[PDB]
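Take a look at this single chain in structure tokens; it is the form deposited in one PDB entry.
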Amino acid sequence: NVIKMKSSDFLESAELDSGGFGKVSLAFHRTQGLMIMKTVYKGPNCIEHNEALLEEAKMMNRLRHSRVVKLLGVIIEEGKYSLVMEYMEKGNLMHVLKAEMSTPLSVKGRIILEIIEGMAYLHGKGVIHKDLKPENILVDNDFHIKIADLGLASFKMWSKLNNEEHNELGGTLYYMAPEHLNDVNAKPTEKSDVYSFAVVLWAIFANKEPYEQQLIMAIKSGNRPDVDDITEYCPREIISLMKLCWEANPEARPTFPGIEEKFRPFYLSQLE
């Protein structure tokens, strides 16, 4: 039963650097300090959808795990709706991959394992992210990650809010399963997230994103990320996982608990 916060609780007289965070920005809280601000709606009122929203939030508040970012609270105000979540100092996954330094096999692989525990946890709670991608992986100072849903994809009501025409406030297709490409009617499954996971493993070892009509149809046909562009050393059973998880058949792809069952043994020994 979620924490409500107010707009007044924050300060703008501060120059925060929300660089490398994405759509969401950084906010300074007067009592508690640095936080992540997702503004989702601004404009006219509509206290007619408030209750539903709350219920949704209540439901999503049941998701609590070390690899999913925490909601610190919501701002539900007249003509203004926001989500407020924990601060992750290093920002999203791409930003850290596209850093000016470098990151070890042991780190990258631990990042992967952490992701996996996240996703397995989520599916454990019978929930489909529907939008897994490096943008929605956030990193703390100790390169421990947390999964986010910053485009509200896995939401229903809050989703419906972030698009209400009366609002005043896509590449994401490169991570989408092909089943869902040009077919909006097929119900997403855990597997859709697994395809997405695959393309993320690619993004990680490639330290960069992947690459419409032609391309979309190509991916539907069987096109995948150019596995040649990984100039970094990437293990055989890992490019094997990548290959297996972006299979055109949802039947062919593995569950996260299975993936981990086979990967947890493989991280600790040959990676950490």
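Numbering follows the first chain given and starts at 1. Heads up, when I say rigid core I mean the largest set of C-alphas that superpose within 1.5 Å between the two forms. What changes on going to the form deposited in another entry:
- No residue of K243, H65, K220, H49 other than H49 has its CA displaced by 2 Å or more between these two forms when the core is superposed.
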Given for the second form:
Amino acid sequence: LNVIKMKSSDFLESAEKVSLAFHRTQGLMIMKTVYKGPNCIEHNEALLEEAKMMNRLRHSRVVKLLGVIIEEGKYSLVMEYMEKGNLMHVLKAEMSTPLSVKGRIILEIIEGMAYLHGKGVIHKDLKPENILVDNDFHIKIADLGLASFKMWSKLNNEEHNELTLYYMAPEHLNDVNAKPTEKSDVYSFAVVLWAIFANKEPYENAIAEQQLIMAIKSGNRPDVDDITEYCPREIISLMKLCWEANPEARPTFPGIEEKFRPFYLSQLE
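We have the form deposited in one PDB entry; now please give the form deposited in another entry.
So it's only the chain below, everything else dropped.
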């Protein structure tokens, strides 16, 4: 389905920024309020078309943009509701996630990124907080930071509006000139891989941001010995392949899928 021009009145009053919302006739949804301030109707057509463009990225592992709210002095994006929150919340839950499910999660992240890259989309902000999980532990990739919503991100920072580095490729640390590439996303995926088996964030011993940044650029990586549960040797090799310093030596997501899928099916599923 295409993007719906929804209205603020469509949602139940819950006055008392991604939050849960209840559409009067459609049910639970996620709302990201982006702008609240003076009237800026000059940008409406530009904001709507960008939402239409983003809404065209349709894939089983990509979150759906259900609608937009474009009113006088109020602009919001309305997104599919993923009941279980983000991947890091799932990994830290009291109930353990079995290896078969972790393998499926990895495969689905690969499928989603292969789709996005095939559409010429570079995510640039891939991390557990942008990987959302539904009731059945299937995942969908999101862009909650608006890294790909150029127009909406600019709106979010217009001053008249009232309203992590662990997964960033080293070529981007301490460097604003560096333009992210598909290979930047592959590096982020490598660290997500580590997090999936560590059940936590990397670099817990880092003491200072400058220490952490200079260390990673010098070759430091998440502590593979820190994984406490069983992590298949193939997956350790995979993450090492994906966080290699030379970006052009990192594989593609289709290349990752070609070797991970048959391994998932014979060992993990």
